[PDB]
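Undergrad: With the hints as your guide, set chains X, Z, V, e, Y and d onto chain C.
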Amino acid sequence: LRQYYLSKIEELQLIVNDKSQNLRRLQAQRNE
Amino acid sequence: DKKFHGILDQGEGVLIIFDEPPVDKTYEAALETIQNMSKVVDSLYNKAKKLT
Amino acid sequence: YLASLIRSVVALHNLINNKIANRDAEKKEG
Amino acid sequence: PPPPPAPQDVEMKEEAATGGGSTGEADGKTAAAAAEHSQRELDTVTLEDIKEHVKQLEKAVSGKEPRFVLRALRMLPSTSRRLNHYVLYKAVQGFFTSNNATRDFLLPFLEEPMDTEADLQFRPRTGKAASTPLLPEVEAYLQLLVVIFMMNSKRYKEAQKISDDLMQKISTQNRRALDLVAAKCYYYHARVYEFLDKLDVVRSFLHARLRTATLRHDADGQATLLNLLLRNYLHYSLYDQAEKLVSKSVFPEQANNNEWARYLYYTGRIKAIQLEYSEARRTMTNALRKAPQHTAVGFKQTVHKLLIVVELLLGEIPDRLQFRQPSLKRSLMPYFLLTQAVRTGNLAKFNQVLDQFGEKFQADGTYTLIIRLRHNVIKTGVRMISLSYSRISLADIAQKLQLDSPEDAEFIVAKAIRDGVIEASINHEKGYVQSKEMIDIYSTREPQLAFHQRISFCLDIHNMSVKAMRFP
Amino acid sequence: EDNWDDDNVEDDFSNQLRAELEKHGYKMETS
Amino acid sequence: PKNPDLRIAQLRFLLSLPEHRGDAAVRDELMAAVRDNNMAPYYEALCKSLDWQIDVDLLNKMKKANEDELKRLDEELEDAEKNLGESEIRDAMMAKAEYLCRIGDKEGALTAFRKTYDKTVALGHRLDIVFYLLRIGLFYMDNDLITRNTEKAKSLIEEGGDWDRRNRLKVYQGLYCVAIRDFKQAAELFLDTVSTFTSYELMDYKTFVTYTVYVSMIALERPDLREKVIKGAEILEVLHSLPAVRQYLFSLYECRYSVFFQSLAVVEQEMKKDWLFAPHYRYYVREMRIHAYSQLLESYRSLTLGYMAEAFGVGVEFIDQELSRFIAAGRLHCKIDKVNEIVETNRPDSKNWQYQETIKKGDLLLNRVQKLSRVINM
Amino acid sequence: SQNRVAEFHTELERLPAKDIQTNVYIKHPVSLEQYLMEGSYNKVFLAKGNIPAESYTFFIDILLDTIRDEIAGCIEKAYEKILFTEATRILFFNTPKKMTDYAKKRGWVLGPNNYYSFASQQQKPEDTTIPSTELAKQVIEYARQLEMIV
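Protein chains in written order, with the authors' numbering: chain C, 20 to 51; chain X, 371 to 422; chain Z, 261 to 290; chain V, 26 to 497; chain e, 40 to 70; chain Y, 12 to 389; chain d, 201 to 350.
Isolated chain C (complex conformation):
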């Protein structure tokens, strides 16, 4: 019930963290 509403934001936070890790490589390539 509530712990569903925790685990959903756990998965969304994992996706956000992975994409924010992936973005910095492209930022470095654009800077170069």
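Among the hints, erroneous ones may be present.
Label-pair restraints from in silico Cβ distances [as the list claims (entries may be wrong)]: (1) e:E49 with Y:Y264: 49 to 57 Å; (2) C:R21 with V:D144: 18 to 26 Å; (3) X:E390 with V:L270: 50 to 58 Å; (4) V:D144 with C:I34: 23 to 31 Å; (5) d:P325 with C:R43: 54 to 62 Å; (6) d:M299 with V:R368: 43 to 51 Å; (7) V:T393 with e:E59: 41 to 49 Å; (8) Y:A289 with Z:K287: 56 to 64 Å; (9) X:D389 with Y:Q367: 45 to 53 Å.
If you want the footprint, here are the derived chain X segments under chain Y, 3+ residues with CB under 8 Å [what the hints assert, rightly or not]: (10) 380-394; (11) 398-411; (12) 415-421.
With a straight-line Cα cutoff of 20 Å, these simulated SDA-like cross-link-like pairs (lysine to any residue) come out [what the hints assert, rightly or not]: (13) Y:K372 with X:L414; (14) Y:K242 with Y:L202; (15) X:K419 with Y:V182; (16) V:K209 with V:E77; (17) X:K419 with V:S63; (18) C:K38 with V:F496; (19) V:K425 with Y:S335; (20) V:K296 with d:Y279; (21) V:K194 with C:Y23; (22) Y:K165 with Y:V182; (23) Z:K279 with X:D412; (24) Y:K107 with Y:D129; (25) V:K330 with V:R349; (26) V:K425 with Y:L334; (27) V:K209 with V:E183; (28) V:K84 with V:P30; (29) V:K461 with V:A449; (30) V:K354 with V:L313.
None of these hints come from the bench; they were simulated from the model. Ideal Cβ placement from N, Cα and C applies to all residues, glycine included.
TA: Relative to chain C, chains X, Z, V, e, Y and d alone:
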């Protein structure tokens, strides 16, 4: 002696006369390139393993 | 196929070069 | 006095740096699913097994435990006071006396990183602290009146995983280390359950942790739990192999190229025991070459001892000892004695070989070679004949295989074609078995099918390599 | 390499066996 | 005399390996076990032969006197190092190594070789002492000295004296450098035989050219073989000297076959009857049989085996069982037909073999690439 | 007799080493697998009635039925023709009452001095250029991997 490009047939008494297959030179260079690349990836494995 | 095979090890060479030259530099800097 | 102090330095500093950098990486960046210190745990597969086994009774390692279990660390001043306390908890070994935590101070020390007003925001420091009591205890390999203490510490480690399931699991992904911890502990724990009877409670919580994953997270934990299930499933392998093949567990994928090898070995033995040999040989050869990093690590001695067993069940004959090593040449001696008999046709000498060394064959876990092997005693021979003669008669095969009756000699051919050993066909106007040749391998679209997979895999290697790059 | 590297054959019967065949019934009465 | 010291290995292997079937050769070794040998191994044959009687008497009696002659120039150096030259002069063991390496037994002569390795840094005498040590390794069939010091002989002293010392590195053939692998390295070193006149080692230069023409058969089939063995002045000269070996060569070069088999039996008469039979010559006889069948089977697509019998000799059923072994072994690619007595050959076209080789090499390379990818970045 | 060989071999793990010495009546079902992988078929039909202890003849006859069914459905594409002598003693018996039963079973009917009718072979038609459009997909994907920015 590789003077004539045919093959005899012995018990039928027939001399088969035919040419030689040309090209097949890309594959030999490809095989030697792959072996040389195995040497390259051996050196790369050494470089990677020395400094982790 | 040989073009893909000759491309992959160049990509791997760049990867391990970047990782070694990054990690040793952060070992010095830290 | 020369033996104590240098382990006291290097075996303080490796795990001090490991814990500090692991906490700093796991909290400073949220992307520490595969941190640098993950490879440090790979070092812990090889370090502490040769670093120290007993607590080093010349005042070296027995003092490491109460310091590393006294961790309060409320904020920066408490951590700095821990750094100040490090000097005294270091010098207490070399100066006066290392405290005798002789194989018992692991149970009340669960609350020791809760005593003196401790807060647990870093769960992996507690995971490593629960990993540490197996260092002087299960890595000492005694197993004498001591079993209940590792089971108690493993229940404490399970309570740590319940804490990872209930207490502040806000995207920490610590299980990706803990399952690796649930690798290593539940290796020797398995040895404990190897010593006693069937591990039914371990079966239940292994299934429970197997389906606790995937929906929660999936990285290198479900593979380890699957393999730890399947090894002792294969211990009493009675009818559960059908369950294991219908177990949709091809998921594993990345396994650091080591766990995937033994998973391939396990499913290769499962598929080899059920008469499907040609599919077993390719995955056996794939598992043999997957992680041959060191010579004769025990795994190689067994996968090589199953490999040409299933190849001789197929029919092809390789010689066994072609990789003469410190523990290959002398360990595969009755193996070579058996593989010399299949090239010949002598059944009495093969029976004498089997009866001479049946105890060692039963020691190898290969009881059921013989119950099929006599079939190959004819079968290999006829395939050799089907390799040598393109058009063999019906009467010459009687004396070429000493199969007595010509109808008996011409009846193995009526099976070897149907399962598939030789392309040849027989006609009842001549009684002649004759085969054809294949030329169209390069003429048709056979190479493009293999080339597409090779191209896709090779080009995708470049993408996976570039996807992990520069971190300024 | 020890003494024979690898492979070979262990029939232990082929020692100028064609000369034995030529000696076998005088080469089968010189066929 | 360390350069004539290889009489030890030469006659000791001329008897001691065929001593299971050598009667007069025991008597031949009798006047050389006592009269001129290194040391106490002159006893050793009593573990195989009879108890021995007389060699206990004289051989000790000289040797201690030789040890009494071993003061020699050592004491003369003790009264001759009074000159302050190098705290040494060329009088002592450095000029006395001939006894201690010729008469010294290898359990002490190895230490004597080490003693005279602590010597002058001149490359010529050093290379000579290393060749002496290689021969001393060949004395007792140690098979470790002739492995270790050969790298020293070829590579380590390779800074000067070359192009004329290289006819003394020809010992790396038949030695641990060239074992029963009677193939490209051994035959390449043997084909550098630009010499006729004797230089000790194996004795009797005719035996050297028979060894060269024996390794030439396993060397090449006919890629330019006609220049290197057939069209050469000195090799044809010694072929004029040796008729049966010339018959063995010309029964294969002229593709006559048949009588070639007879020559093989003659080669059998000295295949194992020489000293070098402690490794077997089966990988030579079987290789020659496969080579002869390959040169016969070439240029014949559908050959009846009745023709093959008369071409090679006798033995129609022998031809059948020999091909049945050799085809299914893996070499000699053809498909014999049991009925209709046809031996039909099949040869792969040069697109399928190349395809298989590319697939296998690419498979091992992609496996190595994926392993290297898994090593880094977890 | 339920044409199950995988369940046979995975079933053979109950007795580790017991079954060799004892199991004297049970030697027949485990050695019947050994005979099946041999050309002891005539000896199998002779051992159809040698069962030591008790009869329980039903699986023996189902074994007979499945052996004849496996033989009859297993060779119909490698051989070409059969005659009266070329498959009676090879498949059926030494001319048994089941003559008519094998005369009405399937194709290749037999009885008038030779076995004729219902030949079985193949034609093998092919075009092989049909996946060319598929090949186009493959090669475009290759350029796809070459052209999206990493």
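Undergrad: Hint by hint, note whether the structure agrees.
TA: Evaluation of the provided hints:
no.: 1; hint: e:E49 with Y:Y264: 49 to 57 Å; verdict: 33 Å, violated
no.: 2; hint: C:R21 with V:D144: 18 to 26 Å; verdict: 24 Å, holds
no.: 3; hint: X:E390 with V:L270: 50 to 58 Å; verdict: 53 Å, holds
no.: 4; hint: V:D144 with C:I34: 23 to 31 Å; verdict: 29 Å, holds
no.: 5; hint: d:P325 with C:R43: 54 to 62 Å; verdict: 58 Å, holds
no.: 6; hint: d:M299 with V:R368: 43 to 51 Å; verdict: 45 Å, holds
no.: 7; hint: V:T393 with e:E59: 41 to 49 Å; verdict: 43 Å, holds
no.: 8; hint: Y:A289 with Z:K287: 56 to 64 Å; verdict: 58 Å, holds
no.: 9; hint: X:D389 with Y:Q367: 45 to 53 Å; verdict: 24 Å, violated
no.: 10; hint: 380-394; verdict: holds (count 6)
no.: 11; hint: 398-411; verdict: holds (count 8)
no.: 12; hint: 415-421; verdict: holds (count 3)
no.: 13; hint: Y:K372 with X:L414; verdict: 18 Å, holds
no.: 14; hint: Y:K242 with Y:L202; verdict: 13 Å, holds
no.: 15; hint: X:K419 with Y:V182; verdict: 40 Å, violated
no.: 16; hint: V:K209 with V:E77; verdict: 17 Å, holds
no.: 17; hint: X:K419 with V:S63; verdict: 17 Å, holds
no.: 18; hint: C:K38 with V:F496; verdict: 15 Å, holds
no.: 19; hint: V:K425 with Y:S335; verdict: 10 Å, holds
no.: 20; hint: V:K296 with d:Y279; verdict: 32 Å, violated
no.: 21; hint: V:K194 with C:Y23; verdict: 13 Å, holds
no.: 22; hint: Y:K165 with Y:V182; verdict: 11 Å, holds
no.: 23; hint: Z:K279 with X:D412; verdict: 18 Å, holds
no.: 24; hint: Y:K107 with Y:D129; verdict: 13 Å, holds
no.: 25; hint: V:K330 with V:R349; verdict: 14 Å, holds
no.: 26; hint: V:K425 with Y:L334; verdict: 14 Å, holds
no.: 27; hint: V:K209 with V:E183; verdict: 14 Å, holds
no.: 28; hint: V:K84 with V:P30; verdict: 9 Å, holds
no.: 29; hint: V:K461 with V:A449; verdict: 7 Å, holds
no.: 30; hint: V:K354 with V:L313; verdict: 17 Å, holds
When held up to the earlier numbered hints, the structure conflicts with 1, 9, 15 and 20 and fits the remainder.
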